[PDB]
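Enquirer: Spelled out, the chains give:
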Amino acid sequence: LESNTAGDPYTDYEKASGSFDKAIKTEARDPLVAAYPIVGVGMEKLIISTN
Amino acid sequence: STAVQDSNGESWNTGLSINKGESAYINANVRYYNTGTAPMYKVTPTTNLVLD
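Chain order of the listed sequences is A and G.
Take the position in the first sequence, starting the count at 1, then add 261; the result is the number in PDB author numbering.
Take the position in the second sequence, starting the count at 1, then add 363; the result is the number in PDB author numbering.
Some clues are possibly wrong.
Stated by the list, open to error - Chain A residues, not near chain G, derived (Cβ > 12 Å throughout): (1) 272; (2) 277; (3) 283; (4) 286; (5) 290; (6) 291; (7) 302; (8) 309; (9) 310.
What the hints assert, rightly or not - Derived DEER-like restraints, expressed as beta-carbon distance ranges: (10) G:407 / A:295: 42 to 50 Å; (11) G:404 / A:311: 38 to 46 Å; (12) A:310 / G:409: 21 to 29 Å; (13) A:283 / G:387: 43 to 51 Å; (14) G:391 / A:307: 21 to 29 Å; (15) A:265 / G:407: 30 to 38 Å.
Please keep in mind that the hints were generated in silico from the structure rather than gathered at the bench.
Idealized CB from N, CA, C, for every residue including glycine.
Please take these sequences and the hints and turn them into a complete structure.
Expert: See below:
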């Protein structure tokens, strides 16, 4: 009843057939799983300039 | 009692002032090269300068 089962921009047929972006992990092939990056930022260290 | 006093004086001063956050103004001399198989138009790199 919905074009996108998961909610991600690619539709059911596009996700199933693999006619979408080729850098996406196979775990997102089936419609139930969603293509969703969780990009995060890891701090390494600060430098303080004393003016 | 009268008195007249003349005086001459000379002074030389030097002064060095410096900040502590903008203490220096490095700049680089670099050059781009290509080793792939296709030409690149409007090349712009993002590069990191690291000290140690």
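Enquirer: Compare the structure with each hint and give your call.
Expert: Hints and how they fare:
1. At the 12 Å boundary, the C-beta of residue 272 of chain A stays outside the reach of chain G, the nearest C-beta of that chain being 32 Å off.
2. In this structure residue 277 of chain A is separated from chain G by more than 12 Å, as the shortest Cβ-Cβ distance comes to about 33 Å.
3. With a closest Cβ-Cβ approach of about 19 Å to chain G, residue 283 of chain A is found to remain outside the 12 Å limit, as its non-interface label requires.
4. For residue 286 of chain A, the shortest C-beta to C-beta distance to chain G comes to about 27 Å, beyond the 12 Å cut-off, and the non-interface label holds.
5. Interface exclusion of residue 290 of chain A from chain G stands, the closest Cβ pair being 31 Å apart, more than 12 Å.
6. Once the 12 Å rule is applied to beta carbons, residue 291 of chain A is consistent with being away from chain G; the minimum gap is 36 Å.
7. Separation of residue 302 of chain A from chain G is adequate, the least Cβ-Cβ distance of about 16 Å exceeding the 12 Å criterion.
8. The non-interface label for residue 309 of chain A is inconsistent with chain G: the shortest C-beta to C-beta separation is roughly 10 Å, within 12 Å.
9. A cut-off of 12 Å between C-beta atoms contradicts the statement that residue 310 of chain A is not in contact with chain G; the least separation is 4 Å.
10. A beta carbon spacing of about 34 Å between residue 407 of chain G and residue 295 of chain A contradicts the range 42 to 50 Å that was offered as a hint.
11. For the hinted restraint 38 to 46 Å between residue 404 of chain G and residue 311 of chain A, the CB-CB distance of approximately 44 Å keeps it satisfied.
12. In this structure the supplied range 21 to 29 Å holds for residue 310 of chain A paired with residue 409 of chain G, their Cβ-Cβ distance being about 22 Å.
13. Taking the beta carbon of each, residue 283 of chain A and residue 387 of chain G are about 47 Å apart, inside 43 to 51 Å as hinted.
14. In this structure the hint that residue 391 of chain G and residue 307 of chain A lie 21 to 29 Å apart at CB holds, the actual value being about 24 Å.
15. Between residue 265 of chain A and residue 407 of chain G, the C-beta spacing of about 36 Å keeps the proposed range 30 to 38 Å intact.
Checked against the numbered hints listed earlier, the structure breaks hints 8, 9 and 10; every other hint is satisfied.
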